[PDB]
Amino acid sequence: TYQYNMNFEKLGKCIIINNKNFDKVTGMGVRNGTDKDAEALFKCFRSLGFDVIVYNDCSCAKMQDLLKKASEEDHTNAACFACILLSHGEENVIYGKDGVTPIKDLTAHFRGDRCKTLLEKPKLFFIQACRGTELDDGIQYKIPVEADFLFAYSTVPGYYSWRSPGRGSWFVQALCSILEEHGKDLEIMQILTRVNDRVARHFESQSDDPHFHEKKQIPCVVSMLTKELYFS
């Protein structure tokens, strides 16, 4: 009644796109630690039951195609779909190695009118990537085509997204530990909300620059879901 139906042969497909090294033209640095993120993610989402595949250093055309294909696959025996983007980013756009592409362009392939097999099923996107230059200085019948999506961004619109080259990204470590522990017994919003809490609290940046010292982060969930979602 108030839950998404999970009675399907497979949980669903999980495309993880891991972008580490970029073309010199985009002039964007190597994202160190992103390999830590991907492997940890691969475990969790696999352990949840997703059929996860990891694609490394994709180009924008490559990403668009990856998604479009999956969009055109047959999802009749799937409960849901999940995509995860690890990259450099700006507002509304994510980086391939050869430039940028709008996030909406990657997602819209799964709109109700463009992926019938995934209608009334959750389509989940998790996006760990910078979202702008800002720093949090801290303190003290028919259904709509845009429905059933959920984007969990690593950060709020306009703000930087922090990643340690040694331990991986703040967001990912958090999402992984919570999932490694309650992925099976909590609802998706409960899970993400705790991730919001752990990133907000447990983390604080440290550099030798005063502009980047003791800075903060809060992830941001967008939901057009229409049911509660549990992975079991």
Contents of the next structure:
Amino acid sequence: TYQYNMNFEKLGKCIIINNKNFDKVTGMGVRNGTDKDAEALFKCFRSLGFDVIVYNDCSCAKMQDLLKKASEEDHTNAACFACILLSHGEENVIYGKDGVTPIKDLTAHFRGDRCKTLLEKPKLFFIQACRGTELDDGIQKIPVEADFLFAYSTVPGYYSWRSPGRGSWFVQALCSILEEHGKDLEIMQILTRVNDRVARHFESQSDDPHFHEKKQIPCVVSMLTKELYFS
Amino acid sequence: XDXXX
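Target state, the form solved in complex with its partner chain; input state, the form deposited without its partner chain:
Once more the chain from above appears, this time first in line as the rest of the complex follows.
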């Protein structure tokens, strides 16, 4: 009664956009470690019950077209929808390999008035990207915007850290928590534990004191109207 | 190398 209905044939579709290599005109380096992230994500979300498709090095027009077509499909037999964005980023904006596109323009396709088959169903967006340039030093009828959830890797304005060998912090934490408790915890409990893990377990190391011993805290934006379990 | 997004 207070939970999302998961009584469908399929859990839903999970689109993973893994942008690693970028055009020279963007001036951004290769996102080493994102393949580890994308693979881990693919396995976790497959394990949850999603139908997961991974697209690599997409352009802005390609991402827009992708989420557009996804929004135009038939999710009548789907319990929910999920999209994951792995790329370079700035505030309210994410990078394709060609350049930048507004996140709200990506997610607007799944609005209630545009994607009727996902009406009253949860739309999940996991975004691993930076949202600014600032650093954490640390210390010792129904609305069209409803039933959305955004899981950002970091708070607005700050960086999102990524280890080339181990992968990004947010994604690896998320994947661990999903491995262990993905089916017996509610989504907000999971994402809260992700917040705790990313916040505590991680501290950056760099020769430049500007990036030495720095921290990160994820951000969850919930417009959900029910509790969400993946079982 | 060893760094963000």
